[PDB]
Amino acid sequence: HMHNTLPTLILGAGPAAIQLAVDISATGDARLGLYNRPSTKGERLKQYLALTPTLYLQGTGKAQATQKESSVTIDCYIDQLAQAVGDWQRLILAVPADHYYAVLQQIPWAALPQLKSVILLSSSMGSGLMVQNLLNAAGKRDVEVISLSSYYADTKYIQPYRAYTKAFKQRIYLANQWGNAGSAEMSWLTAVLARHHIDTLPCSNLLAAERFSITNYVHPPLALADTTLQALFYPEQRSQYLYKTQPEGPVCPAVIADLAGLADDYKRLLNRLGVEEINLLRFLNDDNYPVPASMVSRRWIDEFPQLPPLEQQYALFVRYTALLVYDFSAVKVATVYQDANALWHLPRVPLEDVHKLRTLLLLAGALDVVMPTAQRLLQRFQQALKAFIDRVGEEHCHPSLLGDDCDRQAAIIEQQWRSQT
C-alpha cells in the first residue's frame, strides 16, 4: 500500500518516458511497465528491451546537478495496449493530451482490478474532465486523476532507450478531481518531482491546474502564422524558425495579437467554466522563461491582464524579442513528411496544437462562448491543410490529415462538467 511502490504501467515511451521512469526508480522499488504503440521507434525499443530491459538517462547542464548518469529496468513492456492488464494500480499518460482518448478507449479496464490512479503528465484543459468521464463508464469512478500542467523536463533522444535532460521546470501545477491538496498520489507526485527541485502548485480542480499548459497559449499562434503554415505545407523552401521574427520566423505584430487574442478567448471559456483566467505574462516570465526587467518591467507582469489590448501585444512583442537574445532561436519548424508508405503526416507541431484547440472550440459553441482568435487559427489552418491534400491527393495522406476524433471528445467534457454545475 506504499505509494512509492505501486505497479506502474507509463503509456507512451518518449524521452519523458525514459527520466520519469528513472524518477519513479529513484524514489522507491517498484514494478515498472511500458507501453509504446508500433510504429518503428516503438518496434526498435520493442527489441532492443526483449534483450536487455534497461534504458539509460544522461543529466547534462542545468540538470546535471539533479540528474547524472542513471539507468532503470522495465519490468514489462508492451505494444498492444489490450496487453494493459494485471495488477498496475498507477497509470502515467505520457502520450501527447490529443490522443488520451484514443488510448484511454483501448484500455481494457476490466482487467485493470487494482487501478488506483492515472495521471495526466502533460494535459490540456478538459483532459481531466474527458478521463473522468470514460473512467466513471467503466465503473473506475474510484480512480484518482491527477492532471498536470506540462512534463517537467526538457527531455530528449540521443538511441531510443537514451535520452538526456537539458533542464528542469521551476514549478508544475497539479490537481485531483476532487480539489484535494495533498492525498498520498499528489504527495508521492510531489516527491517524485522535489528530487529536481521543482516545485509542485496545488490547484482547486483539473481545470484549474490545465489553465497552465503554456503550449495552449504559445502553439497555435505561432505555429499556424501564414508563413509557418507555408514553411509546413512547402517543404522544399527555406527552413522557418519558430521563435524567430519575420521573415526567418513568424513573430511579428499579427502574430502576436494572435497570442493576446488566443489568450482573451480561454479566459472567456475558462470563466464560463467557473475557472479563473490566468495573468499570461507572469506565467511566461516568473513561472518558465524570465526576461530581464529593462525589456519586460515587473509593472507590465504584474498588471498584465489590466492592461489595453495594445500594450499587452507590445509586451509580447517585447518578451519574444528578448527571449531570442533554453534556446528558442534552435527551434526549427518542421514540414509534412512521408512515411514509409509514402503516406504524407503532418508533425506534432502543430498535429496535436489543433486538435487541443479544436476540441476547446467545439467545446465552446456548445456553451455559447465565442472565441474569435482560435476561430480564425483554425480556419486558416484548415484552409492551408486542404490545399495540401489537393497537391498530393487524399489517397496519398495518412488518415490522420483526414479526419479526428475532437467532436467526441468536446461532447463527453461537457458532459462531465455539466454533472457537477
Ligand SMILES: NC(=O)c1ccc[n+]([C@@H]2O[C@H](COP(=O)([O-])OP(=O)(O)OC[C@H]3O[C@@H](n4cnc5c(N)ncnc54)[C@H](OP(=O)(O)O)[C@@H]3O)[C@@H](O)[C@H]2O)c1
The other form holds:
2 protein chains.
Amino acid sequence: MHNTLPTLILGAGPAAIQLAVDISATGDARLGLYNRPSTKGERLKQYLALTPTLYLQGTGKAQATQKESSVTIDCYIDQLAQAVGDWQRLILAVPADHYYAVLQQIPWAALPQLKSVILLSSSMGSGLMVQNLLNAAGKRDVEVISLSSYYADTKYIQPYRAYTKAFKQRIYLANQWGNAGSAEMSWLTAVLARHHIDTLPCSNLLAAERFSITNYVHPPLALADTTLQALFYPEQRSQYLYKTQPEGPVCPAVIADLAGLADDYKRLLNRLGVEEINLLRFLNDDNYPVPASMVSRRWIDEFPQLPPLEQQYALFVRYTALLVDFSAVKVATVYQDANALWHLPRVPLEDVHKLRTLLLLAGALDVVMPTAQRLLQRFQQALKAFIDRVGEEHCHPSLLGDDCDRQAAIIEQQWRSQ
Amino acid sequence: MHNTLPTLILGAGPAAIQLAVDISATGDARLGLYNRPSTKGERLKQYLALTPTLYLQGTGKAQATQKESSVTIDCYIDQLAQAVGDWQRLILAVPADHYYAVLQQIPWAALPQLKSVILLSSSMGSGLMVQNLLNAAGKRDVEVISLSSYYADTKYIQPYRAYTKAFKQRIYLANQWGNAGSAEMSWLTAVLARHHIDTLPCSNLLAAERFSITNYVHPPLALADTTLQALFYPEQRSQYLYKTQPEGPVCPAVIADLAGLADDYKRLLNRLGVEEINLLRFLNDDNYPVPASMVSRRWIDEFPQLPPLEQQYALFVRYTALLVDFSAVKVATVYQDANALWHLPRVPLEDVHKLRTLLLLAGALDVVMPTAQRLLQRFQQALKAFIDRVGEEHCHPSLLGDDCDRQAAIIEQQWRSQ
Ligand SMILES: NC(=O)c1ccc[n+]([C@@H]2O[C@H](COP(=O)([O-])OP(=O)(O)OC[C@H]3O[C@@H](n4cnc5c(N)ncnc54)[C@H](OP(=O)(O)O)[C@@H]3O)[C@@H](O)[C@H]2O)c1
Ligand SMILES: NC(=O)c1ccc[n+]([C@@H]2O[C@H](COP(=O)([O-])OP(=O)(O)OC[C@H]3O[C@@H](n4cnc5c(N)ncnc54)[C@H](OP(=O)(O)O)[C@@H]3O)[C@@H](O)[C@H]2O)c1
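Right, and the form solved in complex with the ligand of this protein, after the form solved without the ligand?
All chains and molecules follow, beginning with the one already shown.
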C-alpha cells in the first residue's frame, strides 16, 4: 500500500520535519533522512543517534490542523553513497538548484525497489532533468512528481524542532505521464488533504512547475541594483525585500522587471509547448490576496491582455497593498563561513542558479529573454566586483562557478526526446 | 513706507501669530487682530485685554529662521462692524470659503485709508470675488493680492502661543493688475524672504490661485467613499487621509479621481483664460519631493502629456512614496458643539464649499467637470443620509446650506467684466 512505502527524505531542513510528520500521520512507513555534513547536519546526526525523534508545532492558523507532534526516524545518513536498500520513495527536500548534484551521487543500482521520486519544491525544468538522469540509470519506470512549491511555512536553532505557521491553499503537481489517478498522486493528495491543501493535477511536469512563485518574484526584487548593493556591501543599513524605495527595491523599474520576466517565461514555456500562467491571478488567488479596492477583479482576470504599463501599475499596487509578514523579510548579505570564505545567502544564490539554467535553455532553443538577461548581467557584474574587493582566494567555490550549463543541456535533451 | 502701514489681521488662527511676528520683524507697524466670538476667540479676547502679546516658536527646520519671538497687538476686536479707522492693509487669515461672509460685514466706508487686501491662503476665484465686492463699495483703488497658500506649517490650546515646524519653499502671488513691481508685492517678498521663501509673481489673481494644492488633493481623498464613511460614522476605527486602503482612501479609483479633477480644473481655467498647472511637477517640486527612483523626472516633466493611465500610475507611486508626516494625518469625524448640534470638520467642509463654488461657476460658463460633479454628488448623498440619521433639528446650519451660489455669480460677473 503506497502509504506504507519506506521513504527516504533527502535534505533535513525544517520542511522535512513537517513532511515527516505528515507521512507518519498518513500511514505506518519506515522513514529515512539525509542531511549533508554541515555543522547543523552533524549536530542533528549526533542528536538522532541518541533520540531518533523530530518535533513539530503548529502555530497561528496552522494550529487548526497541526498540533504538537513527534515522529521517529528509522535511518539517518550524511553520505548519499549510503542512500541504498529497500527504499521505494525518495523525496528531494533540498532546494531545486541542488537536485542535480544530489541525484548524481545516488547509487541507483543499490535501490532495487525504487518506485517514485518526489520534487518537494520544484523549479521549471526540474522534472525533465530528473527524468533524464533516471532514464540513464535504467529507472525509466520510476514515477517523477513535481510539486509547484513546498506546501507550508515551516521554521526552526534546535535542528530537530520546527514549527509551522501556515499551510498553502493549493499546490499544483504532475508526474511525467500527466496521469492524475496514480496511487502516488492519490497518496500525496491524502497527505496534503490533512491540512486542507488542495491538489491540482497538471498535464505534465512543466505545467505544474510553471506555478513556482519564487521564479517570478525573487529575481526582480533580489537582483535590483539597490538590493545587490545591500547584498554585497554588508555594512550598509539593512534593506527589506518587499518594501518600496529607499527601504527596499519596490519601484516602477523593478516592477517593470517583474512584468518583463513573466513575459520572458511565457516565451520559453510556449516554446516548450506549455501555456503561460496568469501571474496576477496566481499571486492573488493562489498565494496572498489583497483587497479588491486595491487590485480589481478586472485587473486579475484580464491581466494577460492588459498593456504592459497597466500590468505594471497593477503589480505596483499589489505589492504596495501587500505591505499593509512581507514587511519583515530582510535582504540577507554576503557572509563568511568558518574557514573565512565568503558566501552568498540562499536569496539570491538559488534564484540565480534557477534562472541561469532557464536562460541557457532558452538560448539553446532560440528564445530571447531580455529581462532575464538584464537581471543576470547585473548580478554577474556586481558579483565580479565583489570578488575583486575581497579576493577570489577568499571566496567559496559556489561564488566562482555552477553546473547550470550541464543542467540546461540535460533538460534540452530530455525535452527534445519527446 | 509700506512696512509701517497699520495692518488689521482678520482671523486669529495659529498662522496669524506667525504672520504678526513676520510683519513686526519687517517694520514698525500698528497691528490689529480680529477673531469671531467662538469660545477660543473669547479666551484670547480675555487674555489680550490683560497682556496684548502673542508668542511664537520655531521648531525643527523652521528654527533656522524662526526663534522664540513675541509680538504686541495694538487693537483686538471680535465684531467686524468694529473693523474701522485708519487701517491701510487688511489680511484675510480666515479660510477662503469664508472671505465672502467676512467681507460683507466690513464697513468699508469707515476705512478711508485702506490701500490693500491680502488673501493669505486663497482659492481659485477668490481674487475676482473680492475685486467685485470692493468695486461695489467704491474701493476699486485697493490692491488685491492672492497668495497661493499659507507660507508655513503653524500650530497651537493656548490661543496666544503657536509654533512653526516648517516654511514653504515658494509661494505664488499676484494682484489684479499683474503688476509685479508694486510696493505691496515688494513688502510681501521682503516679509517672506526672512524665511527663505521664494515669491513668484503671476499674470493675474487666478494665475496664482491655480497653485492651491488643497483644491487638487483634498476632494479626492476626503470625499472618497471610505473617507466619507469614517467621517459620518464617528464610531468606526479611525481612517488616515493619506494611507492606502483599508487604513485610508488611497487606491486606484481615488487616484483616478485626483487625475480627473485636475483635468476638470484645466477645462475651467482654460475657459477663464488661464493655463493649467503641471500637477505632478507642482506636487513634487513646489511642495514635497519623492525619490526619482519612485517618480522619474520624465514622469514629472511630461505629466500633462502622459496618458491618463500613466498619469494615474505616477500619482499612485507618488502617494505611496510619500508615506515612507503624511501618515499621521487622521480623518476627522462629524462632531457635536456645545449646543449638541452636529458639525462637519474643516476637512471636508472647506473643500466642499470651494469646489461647489467652482462647479457652479463652470456650469454658468458651459464647462463640464465630471469628476468634480461625481465627488460632490457622493458627498451630498452621504451628508443627506447623515442628516436623516441624526435629525435636521440637531444639525448646525452649516450642514444645511451655504452661499456658494452667490459667490459663483459674483466671480462670473467680475470675470465677464474684463
Ligand atoms: N521551509 C519553508 O517554509 C519553505 C518556504 C519556501 C520554500 N521552501 C522550499 O522547500 C524546500 C525545503 O526547504 P527547507 O526550509 O526545509 O530548508 P533549506 O534551507 O531549503 O535546506 C534543505 C536541505 O538542503 C541543504 N541545503 C540548503 N542549501 C544548500 C546548499 N547551497 N548546498 C547544499 N545543501 C544545501 C540543507 O542543508 P543544511 O540544513 O545543513 O544547511 C537542507 O538539508 C526547499 O526546496 C525550499 O526551497 C521551503
Ligand atoms: N496653520 C497652517 O499651518 C495652515 C496650513 C494649511 C492652510 N492654512 C490656511 O491658512 C489660513 C489660516 O489658517 P490657521 O491655521 O491660522 O487657522 P484656521 O483654523 O484656518 O482659522 C483661522 C480663523 O478663521 C476662523 N474659522 C475657521 N473656521 C471657521 C468657520 N467655519 N467659520 C467661521 N470662522 C472660522 C477661525 O476662528 P476660531 O479659531 O475661533 O475657530 C480663525 O479665526 C487659512 O486659510 C487656512 O486654510 C494654514
